Amino acid sequence: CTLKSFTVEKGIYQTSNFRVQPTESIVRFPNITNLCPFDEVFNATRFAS
Amino acid sequence: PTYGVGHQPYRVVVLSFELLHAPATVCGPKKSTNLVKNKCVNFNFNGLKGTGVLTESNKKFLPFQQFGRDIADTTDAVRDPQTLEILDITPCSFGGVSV
Amino acid sequence: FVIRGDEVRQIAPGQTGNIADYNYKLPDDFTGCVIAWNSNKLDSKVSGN
Amino acid sequence: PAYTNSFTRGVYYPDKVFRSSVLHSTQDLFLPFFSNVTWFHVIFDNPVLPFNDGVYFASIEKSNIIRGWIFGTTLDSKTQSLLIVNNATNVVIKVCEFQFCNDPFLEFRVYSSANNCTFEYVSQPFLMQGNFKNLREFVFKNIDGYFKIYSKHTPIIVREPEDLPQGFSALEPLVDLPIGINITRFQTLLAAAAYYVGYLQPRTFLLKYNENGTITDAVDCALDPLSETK
Amino acid sequence: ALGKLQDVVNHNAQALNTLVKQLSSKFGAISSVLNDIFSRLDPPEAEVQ
Amino acid sequence: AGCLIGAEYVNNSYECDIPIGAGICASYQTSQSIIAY
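Protein chains in written order, with PDB author numbering: chain A, 301 to 349; chain B, 499 to 597; chain C, 400 to 448; chain D, 26 to 68, 79 to 141, 156 to 177, 181 to 243, 262 to 300; chain E, 944 to 992; chain F, 647 to 676, 689 to 695.
It should be emphasised that the hints constitute simulated quantities derived from the structure, not laboratory data.
Mixed in with the good hints, there may be bad ones.
In silico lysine-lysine, DSBU-like type, Cα no more than 30 Å apart, as pairs [claimed, not checked]:
id	chain 1	residue 1	chain 2	residue 2
1	D	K193	B	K558
2	D	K300	D	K185
3	C	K424	B	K529
4	D	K278	B	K547
5	B	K547	D	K193
6	B	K547	D	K41
7	D	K41	E	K947
8	B	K557	B	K537
Counterexamples of contact, computed for chain A against chain F with all Cβ distances above 10 Å [as the list claims (entries may be wrong)]:
id	residue
9	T302
10	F306
11	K310
12	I312
13	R328
14	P337
15	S349
Listed next, with one range per pair, are the computed distances between beta-carbon atoms [said to hold, decoys possible]:
id	chain 1	residue 1	chain 2	residue 2	range
16	A	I312	E	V951	24 to 30 Å
17	E	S967	D	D228	22 to 28 Å
18	B	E516	C	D405	19 to 25 Å
19	F	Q690	A	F329	58 to 64 Å
20	E	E990	D	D287	17 to 23 Å
21	F	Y660	B	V597	19 to 25 Å
22	D	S50	E	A944	31 to 37 Å
23	D	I68	A	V327	51 to 57 Å
24	A	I312	F	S659	18 to 24 Å
25	D	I68	B	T581	14 to 20 Å
26	E	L945	D	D287	47 to 53 Å
27	E	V976	D	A163	27 to 33 Å
Note that beta-carbon positions come from the ideal geometry of N, C-alpha and C, so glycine has one too.
This is chain A alone, in the form it adopts within the complex:
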């Protein structure tokens, strides 16, 4: 296939490239610490008018 013919000659030929494909995926992004203060407008003690 790499050399278009049906009868190849004697010698060494570079056909293609070997390459292992990844198996899984990893997505890491920093620890979530600074959450928005949404508990102050949903669980407030005195709402507005």
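Assemble chains B, C, D, E and F onto chain A, guided by the hints.
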């Protein structure tokens, strides 16, 4: 309380979004998976997308250092966001076959 | 199909939005013509259609 | 005012990429080697110096008098500003629109009438032997929106009277404040002082990293023909 | 003394240090990293860059 | 040079027919099988 549905108080809030011309500071939560050591997989450590094996390293990084490139400007090491561990990004095993 | 006015620009081959990603998406190699015209004369009615 | 010579100080890390024993050229707003920088002796000198594409702050003192950095374009009653303040507790970084004063000094007497603020970054780690005074370099810059602050602390013996020492000290990034003000002017404040200011300009530098990942020296590329040859 | 042999070694080294250097040069595009191009533009213009 | 999978390394030395690399050559000699040497 004698009043039925429609006359009862309903606390209404509106999370109005602006999306102005400024550096975005309010984002959403990002999911974080596990970390395999000896396995060629895909990595996305804080924007740094690529493929390869994520093994340990002995390169002493500085506190403000996050990424690391090689002589040929290629990402060779990275610091994990959650744990302050400096890994070693080595590409997946490749090569060239000859018949 | 019938869409709104500001959404006609999403019928081009390759675009984001809501109708170009979940309703009707065209391939990047679309070799054709898209024809649209304002139809606010028989597809509209009081209190919205 | 006065004028001194900044021999080789004013070099910071352009990025946060670890490099080991290589030479990476970079085009960023650095300080030109062997340039005339302003010198003010506040041992009273608090002028309103313009912030033009970066600045290089340096304080050679033996106490905590020089502490504070006011920014902003029209910092009277109209546009937002920035107050990098530190009083014995922590940093009081707070970008806020408020009424200023003619002569600022340090209680918190710099402010006059606070208004609706936009962001605050109060952080516990503050920015800051004997006769050895403390050299405190500071580089401020705002490229797209992020106000970057670099700093480095090292002791210094005063052999020559009130002069910047000769040596290469790498400047590490401290904060990356996501601000949105159009900073165009600068004003210092206090509470043996040394007010050193140096303006930045687009330059190319060849930074040699060590095996531990630290810059040891640099080349100005515009000082002498030998720099261009290197 | 062995300068003629070091010549072909340095010439074959500077030729390999140039190909790895031109991989970061922006040949009239938004960036050099291919992952960045496919993450900040639309498909019809992604193939353009 | 790599991992040659498909031939056997014979201790006998012959003339180089198919150059592999690093002084290793291959030939199709006699049962007919590809040998390395």
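Enumerated hints in conflict with the structure, sorted upward: Those not satisfied are hints 2, 7, 11, 12, 20, 25, 26 and 27.
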